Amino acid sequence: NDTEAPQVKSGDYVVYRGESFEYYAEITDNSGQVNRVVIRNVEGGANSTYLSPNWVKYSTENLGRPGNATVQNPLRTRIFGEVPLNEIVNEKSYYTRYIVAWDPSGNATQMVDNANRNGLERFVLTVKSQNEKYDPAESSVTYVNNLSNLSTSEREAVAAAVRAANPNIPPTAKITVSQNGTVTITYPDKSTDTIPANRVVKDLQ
């Protein structure tokens, strides 16, 4: 007499080359119980569990127990992995995937191929370049002798000030500064952010 499938809440799952990610989806059922969770590509029919890319992993604690999937304490599925440096992106790449859960009566969440289900049982995994994860602080001011001709010492000073203001940028990202004070941050995936000189340097001319 339970003919209602488990309901899923996911999110906007943005991930970044060279970075780990972790998201948690939430699942409830009217019976209070969920016995199985699969995350999958749309194709392949009812028995398919195929999911790509292969670096997308998931796990669900406490399956198959009474009351493991209620509104007050939803079942949670960890969706996680490590994005390779060699993923192809433009600004981004999209992968649309589905979370299917089963209750004890065998009712399974239905896959509906429509963007108006995104954030429920359907989610978009958006892969972005590494630069997009970081918003470099354009706080810091380095006084130089002449804004049109920074010395090596002045360029190193600017780079050190940018690093000190940005502890969360990847340690192995490379901060370089040109002879006019323009800052380039080159991330491990070789994408870049740039900071115009007038946000980091001044002179007294």
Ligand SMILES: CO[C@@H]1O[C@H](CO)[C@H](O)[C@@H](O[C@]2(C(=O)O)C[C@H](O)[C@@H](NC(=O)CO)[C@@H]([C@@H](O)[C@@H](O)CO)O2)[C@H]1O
The other form holds:
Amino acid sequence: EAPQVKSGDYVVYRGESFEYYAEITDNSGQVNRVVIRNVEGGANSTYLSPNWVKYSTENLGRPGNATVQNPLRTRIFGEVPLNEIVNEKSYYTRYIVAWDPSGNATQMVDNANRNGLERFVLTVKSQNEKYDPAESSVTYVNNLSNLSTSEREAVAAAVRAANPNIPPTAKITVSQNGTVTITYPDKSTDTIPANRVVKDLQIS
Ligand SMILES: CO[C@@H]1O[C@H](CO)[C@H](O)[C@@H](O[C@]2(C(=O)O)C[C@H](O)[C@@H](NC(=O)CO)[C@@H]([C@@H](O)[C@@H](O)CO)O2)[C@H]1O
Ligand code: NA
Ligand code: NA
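Just the form solved without the ligand so far, so send over the form deposited with the ligand bound.
What follows is the whole complex; the chain from before opens it.
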């Protein structure tokens, strides 16, 4: 038997670092090598793209480094560039191959039913998708159809205060009717409708 791998659903986001760990076990208790690779290229290939996907495995080549009770772990990490293309097909299916002391290597099987095992999908999303802006602030304005500059600034400050985890260099803008736009570093956006963040007292 070859080393067995447990990975996951590895979603990553433009403009952001990522880090995941896969777990690897072997019936011998030992794994000597781990490669993460594209499917193409035959048994000797180590080619992996995109080039910003990195990985590392500590504690290779030691007895008992890959047991059920303490699996070997491989870090899969990197920084997603702002210039990545994002769409419904902007994923990359990759394979984790580990070798035991007898040279048995994890088999690459091209089937989505192996995803989360030795096969995994790296999905690149736009930066906005990492964030779920809180809509729990409320700013009272004079007239919801015509916010002043000071009122627009107050709405933006309230949204920022409720959203400390949004990237500090994301830009929060508010329109004359209170609509909020959060523009992330990769230039994707989230919107918040005005009536979730702004009210007036015009209605008796
Ligand atoms: C032998 O054929 C390969 O089998 C694999 C499984 O073994 C994969 O199924 C398969 O397709 C995908 C994939 O999921 O990786 C579909 C993605 O939509 C697509 N990504 C983009 O286009 C990004 O914009 C594409 C590739 O361009 C990347 O992987 C580049 O290396 O590959 C196929 O080519
Ligand atoms: Na084995
Ligand atoms: Na979002």
